[PDB]
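**Student:** Please put together the full structure from these sequences, using the hints given.
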Amino acid sequence: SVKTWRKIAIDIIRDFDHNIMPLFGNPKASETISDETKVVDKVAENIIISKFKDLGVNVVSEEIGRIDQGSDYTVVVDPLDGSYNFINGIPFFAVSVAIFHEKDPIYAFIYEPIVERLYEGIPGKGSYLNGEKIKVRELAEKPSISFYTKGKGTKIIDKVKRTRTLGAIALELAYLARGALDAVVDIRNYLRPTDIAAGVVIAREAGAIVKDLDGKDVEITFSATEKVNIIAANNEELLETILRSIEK
Amino acid sequence: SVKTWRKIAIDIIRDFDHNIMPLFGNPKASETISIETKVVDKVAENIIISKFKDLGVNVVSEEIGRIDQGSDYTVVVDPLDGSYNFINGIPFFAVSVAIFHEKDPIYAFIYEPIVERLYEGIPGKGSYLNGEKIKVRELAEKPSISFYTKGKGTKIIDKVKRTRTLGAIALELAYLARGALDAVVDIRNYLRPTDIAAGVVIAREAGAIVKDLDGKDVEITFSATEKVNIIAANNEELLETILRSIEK
Numbered sequence: 002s003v004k005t006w007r008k009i010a011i012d013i014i015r016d017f018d019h020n021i022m023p024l025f026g027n028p029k030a031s032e033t034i035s041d042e043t044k045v046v047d048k049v050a051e052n053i054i055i056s057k058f059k060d061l062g063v064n065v066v067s068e069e070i071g072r073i074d075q076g077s078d079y080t081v082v083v084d085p086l087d088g089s090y091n092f093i094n095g096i097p098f099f100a101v102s103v104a105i106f107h108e109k110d111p112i113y114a115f116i117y118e119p120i121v122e123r124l125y126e127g128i129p130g131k132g133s134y135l136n137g138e139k140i141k142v143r144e145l146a147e148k149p150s151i152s153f154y155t156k157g158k159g160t161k162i163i164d165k166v167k168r169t170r171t172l173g174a175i176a177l178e179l180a181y182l183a184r185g186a187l188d189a190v191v192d193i194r195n196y197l198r199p200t201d202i203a204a205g206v207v208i209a210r211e212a213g214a215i216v217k218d219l220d221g222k223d224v225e226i227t228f229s230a231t232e233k234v235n236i237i238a239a240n241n242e243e244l245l246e247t248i249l250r251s252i253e254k
Numbered sequence: 002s003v004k005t006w007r008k009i010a011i012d013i014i015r016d017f018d019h020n021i022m023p024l025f026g027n028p029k030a031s032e033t034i035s036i042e043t044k045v046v047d048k049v050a051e052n053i054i055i056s057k058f059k060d061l062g063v064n065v066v067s068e069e070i071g072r073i074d075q076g077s078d079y080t081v082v083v084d085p086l087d088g089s090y091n092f093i094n095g096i097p098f099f100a101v102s103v104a105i106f107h108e109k110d111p112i113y114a115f116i117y118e119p120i121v122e123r124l125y126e127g128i129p130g131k132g133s134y135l136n137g138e139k140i141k142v143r144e145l146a147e148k149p150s151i152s153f154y155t156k157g158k159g160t161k162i163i164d165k166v167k168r169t170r171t172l173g174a175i176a177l178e179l180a181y182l183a184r185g186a187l188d189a190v191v192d193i194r195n196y197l198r199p200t201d202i203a204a205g206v207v208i209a210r211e212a213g214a215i216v217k218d219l220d221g222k223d224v225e226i227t228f229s230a231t232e233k234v235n236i237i238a239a240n241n242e243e244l245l246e247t248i249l250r251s252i253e254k
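Read top to bottom, the protein sequences are chains B and A.
Residue numbers for the first sequence, in the authors' numbering: 2 to 35, 41 to 254.
Residue numbers for the second sequence, in the authors' numbering: 2 to 36, 42 to 254.
FYI, nobody ran anything at the bench for these hints, they're computed from the structure.
One or more of the hints may lead you astray.
Stated by the list, open to error - Distance windows between CB atoms, simulated:
1. B/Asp223 to A/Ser251: 34 to 42 Å
2. B/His107 to A/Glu42: 43 to 51 Å
3. B/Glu147 to A/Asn20: 48 to 56 Å
Stated by the list, open to error - Listed next, the stretches of chain A that the computed footprint assigns to chain B, with coverage defined by at least 3 CB atoms under 8 Å from CB atoms of chain B:
4. 77–84
5. 163–177
Unchecked claim - Each computed EDC-like pair below joins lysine to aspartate or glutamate, with the alpha-carbon atoms no more than 16 Å apart:
6. B/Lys161 to A/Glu253
7. B/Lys158 to A/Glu253
8. B/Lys158 to A/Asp164
9. A/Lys233 to A/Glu69
10. A/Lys158 to B/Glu253
11. B/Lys156 to A/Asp164
No residue lacks a Cβ here, since even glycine has one placed at the ideal position from N, Cα and C.
**Tutor:** Have a look at this one:
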């Protein structure tokens, strides 16, 4: 039979649990197998990256670059977002995938193994967590945000009750999508569109407002030729206040 | 003896998994009881505080203050570090307990339930994770640190490869202790001795240097109101560099 993208995600989930989870915080994971290629990297390729390649779709990933198969579909995949955390036994990491039909995102999923959570984003339908529809939470009286910066945004701190910097942006955007945070802010001028594609698909379909520092809605793409900054939030006024609180 | 305290740690692990973990993912856990104290905070407090109170030892906890029972032993505890995280499904929370024979620390443990990890610190013997000896890692690359500040952090951020702000200082100190981070910096004038007692004992025995804003070794006092700032690291030069880079 023909497997839908969700079934493909389920297969990837199971393969990740069986082949990659045993390497969590394991010295073997960082061991060079062949830039020094880690064991975890090779395993991620042979099980996740290889899967999409075999499907015949174009593939965009950090470790392999960009694979052009002349397909009408392109998959942006991070076999292990939160790699530093994973290698160091910090329980915050995930598999993140965004699927595009030509230039349009049609599906995205983020799998958070530690707590067995499968987040899904389907443009035009909705976002889900383990099959249950999710949406951003109503703005908290005392907001909580994920915050990434190289120094800018000090004025943001007094606007919120607390900040988090967990180490896996795609997953933090998924947290925003299910209501665990009010905003996710990254003004390091370090991210590429590919790093946020899946997270933005899921957060946006969950009701999040995602804009750049100019207040322009973020366009979801599989490009990696430019650096981007974003503010994803569950409330326009909060987003604007954060925006007015950032220099340059 | 240290042996008997370790038995108590296990009773606590069991009590925690039975009374607290079923609340992870359960909306009931987030209900605000009093003023914000939530259900999970109170349940965590009930099981652990009663445990030590019934043993007849002195107890220091943020919400209860200091219970003086004229004992020769004092326990400085945080029943549940990472409350916000817990109620929002963020996998960063722990139980923190430091045991003092009078003014001297003889045992401390931090329980990180999500990954079934028991960190123990035994001054004069060593620090352990699930019974295996742990130690701070050697600084061999641009540092990875936990960082909390209310002001500008540009200068400190420039000195590091990455930062983490997890929302559970006990875990961040435990991570430093086993080599998952190079430093933990919290200069918010927000932490209490109860938040850091166990982490300091464990990190120190593991080889970490833990100082305050004045560059002096941090002294754990039996107070639940005293505000403390910490700069803990696996390298003296890095610690000094951090101090020189502190901004308002």
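**Student:** Just to be careful, I want the Cα atoms of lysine 158 of chain B and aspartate 164 of chain A compared with a cutoff of 16 Å; is the pair within it?
**Tutor:** Holds, at roughly 12 Å.
**Student:** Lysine 158 of chain B and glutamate 253 of chain A were given as a pair; does the straight-line alpha-carbon distance stay at or below 16 Å?
**Tutor:** holds (13 Å)
**Student:** So is the segment 77–84 of chain A in contact with chain B by the C-beta rule, three or more residues under 8 Å, or is the coverage claim wrong?
**Tutor:** violated (count 0)
**Student:** Indicate whether the distance between the beta carbons of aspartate 223 of chain B and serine 251 of chain A respects the range 34 to 42 Å.
**Tutor:** Given range 34 to 42 Å: holds, Cβ gap about 37 Å.
**Student:** Straight-line Cα separation of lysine 156 of chain B and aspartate 164 of chain A no greater than 16 Å?
**Tutor:** holds (7 Å)
**Student:** Mind checking the alpha carbons of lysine 233 of chain A and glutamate 69 of chain A for me, to see if they're no more than 16 Å apart?
**Tutor:** Distance of about 14 Å is within 16 Å: holds.
**Student:** With 43 to 51 Å as the target window, see if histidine 107 of chain B and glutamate 42 of chain A comply at their CB atoms.
**Tutor:** Given range 43 to 51 Å: holds, Cβ gap about 46 Å.
**Student:** Within a Cα-Cα threshold of 16 Å, do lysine 158 of chain A and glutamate 253 of chain B meet the stated pairing?
**Tutor:** At roughly 12 Å apart (the allowed maximum being 16 Å), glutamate 253 of chain B and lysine 158 of chain A satisfy the hint.
**Student:** Would the pair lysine 161 of chain B and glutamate 253 of chain A pass a check requiring their Cα atoms to be no farther apart than 16 Å?
**Tutor:** Holds, at about 14 Å.
**Student:** For the segment 163–177 of chain A, do at least 3 residues have a Cβ located nearer than 8 Å to some Cβ of chain B?
**Tutor:** holds (count 8)
**Student:** Okay, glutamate 147 of chain B versus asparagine 20 of chain A on CB: inside 48 to 56 Å?
**Tutor:** Between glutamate 147 of chain B and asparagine 20 of chain A, where Cβ atoms are some 29 Å apart, the hint is violated.
In terms of the numbered hints stated before, the structure departs from hints 3, 4, listed from lowest to highest.
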